[PDB]
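Here we start with a single chain on its own, the form deposited in one PDB entry, put down as structure tokens.
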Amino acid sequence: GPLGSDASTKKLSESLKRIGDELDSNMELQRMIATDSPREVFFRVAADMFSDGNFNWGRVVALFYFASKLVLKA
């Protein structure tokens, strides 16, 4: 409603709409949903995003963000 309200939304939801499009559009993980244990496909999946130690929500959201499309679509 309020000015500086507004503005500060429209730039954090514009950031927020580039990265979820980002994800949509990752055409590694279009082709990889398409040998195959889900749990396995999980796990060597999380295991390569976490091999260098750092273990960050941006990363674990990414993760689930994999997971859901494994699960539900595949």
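So that the term is clear: the rigid core is the largest set of C-alpha atoms that superpose within 1.5 Å between two forms. Positions refer to the first chain, counted from 1. Compared with the form deposited in another entry:
Relative to the superposed core, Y65 undergoes a C-alpha shift smaller than 2 Å between the two forms. Put the two forms on the same core and the Cα of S25 is off by less than 2 Å between the two forms.
For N54, the Cα coordinates differ by 2 angstroms or more between the two forms after the core has been superposed.
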Given for the second form:
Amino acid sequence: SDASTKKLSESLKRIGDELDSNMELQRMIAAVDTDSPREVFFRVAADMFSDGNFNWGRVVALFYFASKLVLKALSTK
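Just the form deposited in one PDB entry so far, so send over the form deposited in another entry.
Partners and other molecules omitted; one chain follows.
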């Protein structure tokens, strides 16, 4: 069990670090300024299906981006 279990947790580590250090994500988190809230969320979520190529990568990318931004806004208000 243990070598397969380590491969996975290493991989899980690489994924979180990649998201934490991705500069495109950090750029996008530093520049998004709209008035339509849940609206833009639904917009961005639909394009992730619109091509029919929905996959776990896109889920975690949008969840990370959505929740990082929720916490940064909560940082103030």
